[PDB]
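A.B. asks: The lines below spell out each chain.
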Amino acid sequence: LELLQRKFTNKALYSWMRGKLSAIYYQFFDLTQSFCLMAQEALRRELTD
Amino acid sequence: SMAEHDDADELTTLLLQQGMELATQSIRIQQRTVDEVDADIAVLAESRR
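So the sequences go chain by chain: B and A.
PDB author numbering applies: residue 2251 is where the first sequence begins, and numbers increase by one.
PDB author numbering applies: residue 2055 is where the second sequence begins, and numbers increase by one.
Source of the hints: derived by calculation from the structure; they are not laboratory data.
To give a feel for the contact side, a few chain A residues facing chain B, derived at Cβ under 8 Å:
id : residue
1  : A2057
2  : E2058
3  : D2061
4  : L2068
Positions of the beta carbon are idealized from the N, C-alpha and C atoms, including for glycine.
Turn these sequences into a full structure, and let the hints guide you.
C.D. replies: Written as structure tokens, this is what we have:
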């Protein structure tokens, strides 16, 4: 158990890593949705519908 | 990924070493059991006398 706690990839590393990734994902989703919306607007203008 | 694999290998090595020393202690225990059986044989010899 003591060796498991001193591991390089202990619980703390994974926790911080996935927290940072969750924040990045949360913002990137909004950015991508905005991009898709403007692409859809461009298509609507192109088709005049 | 490489860090994960290295950590798993290190855990396996530790397990092997612990098993080795436990096996040594088991050797000693079994020798003591043999000695007990010999003592029982001696008791039987006295009764036969």
